[PDB]
Amino acid sequence: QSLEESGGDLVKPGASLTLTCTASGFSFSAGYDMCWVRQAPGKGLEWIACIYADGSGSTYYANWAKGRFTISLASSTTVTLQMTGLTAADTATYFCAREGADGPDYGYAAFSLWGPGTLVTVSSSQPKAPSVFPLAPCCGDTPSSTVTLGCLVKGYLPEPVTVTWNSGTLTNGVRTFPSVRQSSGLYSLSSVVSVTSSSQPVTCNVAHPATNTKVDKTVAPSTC
Amino acid sequence: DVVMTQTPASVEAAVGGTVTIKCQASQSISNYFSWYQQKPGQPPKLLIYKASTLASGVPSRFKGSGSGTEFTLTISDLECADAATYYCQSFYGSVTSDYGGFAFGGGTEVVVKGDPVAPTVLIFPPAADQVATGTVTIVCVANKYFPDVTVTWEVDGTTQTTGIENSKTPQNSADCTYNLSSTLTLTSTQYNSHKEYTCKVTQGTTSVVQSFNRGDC
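As they're listed, the protein sequences go chains H and L.
For reference, each letter of the first sequence is one residue, going 1 to 224 in the authors' numbering.
For reference, each letter of the second sequence is one residue, going 1 to 217 in the authors' numbering.
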């Protein structure tokens, strides 16, 4: 059984946005609620609302969300969240989850099954696409049997970007770092990998869904 | 809306040691109390529900007790893989009305300490097409270190103060060690007006330093 939220985007302040949860491997029925929980960047978990998946049941909102947010069943496999009057407090990753149950009658008021998140970024800016620069040691450093190469993804908005290495055939000893948001509002992040010095070049695959940007940078071990 | 006061904000404990997190509800809730685990960049994972019953696939060293307004999570036999943020959660009101909701604690960040290591440090001089844009970003990496570091930049010995950002990977699930990326951003006029660049990773009394001269790379 699986969840998947879509619809997160960069919205302007005071705008409105619609998120959607989509279920896979199961369909909605009696016995449990479907719910939305958000999480601001570097903050805790904040509950938004729930809806009993067969509809007949109730629809309860966090006091702070009543009035702005609205939750709906759009089908036997999709649940929606209407968001109006978005401030920047509403900037968060928006999760979707299934109330678990230990029996057929009703839930146990805990969320067992969770989607991965869709990310709402509320900002007065336009989407900027990142610039990508290879990260490679000083030419003047005497080489070694391994080397750490990497990619700098600089100045994008909104999140996320994806960094994959040699198209996903490479993952051992790959470190991709959390993104930082500079004073400009533009995010940056680096990602490195550690390989043996085959002399064979490595290539990083950066993607910024919000600008339909895909750029592929080959990182020579920078020996001038 | 109930307030879930979770203590403490952060705890640090050795491998194999035990830890006890606490939630107190500002108002009375139901025995339907749960506990989650959340590693960075991932959704939560249900650990416990109905106060003490384990979720599917949670080893017994995760333990939840409590009643009324106070509830406990107790992790023993701690491993590096347990390093995460941990959230409690309750349900209040009537399941037979649209009155009543769910409340989450504010999270506890658990730091499993392993044997203290010192970071190997790498410094990446800005690519040649960086300088052409009018802003350069020097990137610096601390690997496989415990415990937490603080980063200092020195442009020809002058400790920078601005244009610095930092990012730490999660504790490694095997040796408990962090990783860290620190970027110093300067104008191209600045960068071509100085020679040496220095990245000073400090771990208490210790310091590992990596440097490069601009004309060398």
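Do not take every clue at face value.
To be verified - Have a look at the derived ranges for each label pair, beta carbon to beta carbon:
(1) L/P170 <-> H/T70: 33 to 43 Å
(2) L/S65 <-> H/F26: 30 to 40 Å
(3) L/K195 <-> H/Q182: 54 to 64 Å
(4) L/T202 <-> H/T146: 21 to 31 Å
(5) L/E154 <-> H/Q182: 39 to 49 Å
(6) H/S27 <-> L/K50: 48 to 58 Å
(7) H/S24 <-> L/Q42: 50 to 60 Å
(8) H/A15 <-> L/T150: 38 to 48 Å
(9) L/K50 <-> H/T84: 34 to 44 Å
(10) H/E4 <-> L/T53: 19 to 29 Å
(11) H/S145 <-> L/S60: 41 to 51 Å
(12) L/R61 <-> H/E4: 47 to 57 Å
(13) H/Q82 <-> L/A14: 43 to 53 Å
(14) L/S193 <-> H/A74: 53 to 63 Å
Just so you know, the hints here were simulated from the structure itself, not pulled from any lab data.
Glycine included, each C-beta is placed from N, C-alpha and C at the ideal position.
Evaluation of the provided hints:
Between L/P170 and H/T70 the CB atoms are about 35 Å apart, so this pair conforms to the stated range of 33 to 43 Å. Between L/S65 and H/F26 the CB atoms are about 32 Å apart, so this pair conforms to the stated range of 30 to 40 Å. For L/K195 and H/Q182, the hinted distance range of 54 to 64 Å is not satisfied, since their beta carbons lie about 26 Å from each other. Judged by the Cβ atoms, the range 21 to 31 Å given for L/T202 and H/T146 holds: they are separated by roughly 26 Å.
Roughly 21 Å separates the CB atoms of L/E154 and H/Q182, a value that falls outside the hinted 39 to 49 Å. Distance hint check for H/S27 and L/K50: the Cβ-Cβ separation is about 26 Å, which falls outside the suggested range of 48 to 58 Å. For H/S24 and L/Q42, the hinted distance range of 50 to 60 Å is not satisfied, since their beta carbons lie about 18 Å from each other. At roughly 40 Å, the beta-carbon separation of H/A15 and L/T150 lies within the given 38 to 48 Å, and the hint holds.
Taking 34 to 44 Å as the suggested C-beta distance range, the pair L/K50 and H/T84 conforms, at roughly 36 Å. Remark: the range hint 19 to 29 Å for H/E4 to L/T53 is upheld by a beta-carbon distance near 28 Å. Checking the proposed 41 to 51 Å range against H/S145 and L/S60 shows it holds: the Cβ atoms sit about 44 Å from each other. Distance hint check for L/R61 and H/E4: the Cβ-Cβ separation is about 32 Å, which falls outside the suggested range of 47 to 57 Å.
Separated by about 48 Å at the C-beta atoms, H/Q82 and L/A14 satisfy the suggested range of 43 to 53 Å. The hinted range of 53 to 63 Å is satisfied by L/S193 and H/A74, whose Cβ atoms lie roughly 59 Å apart.
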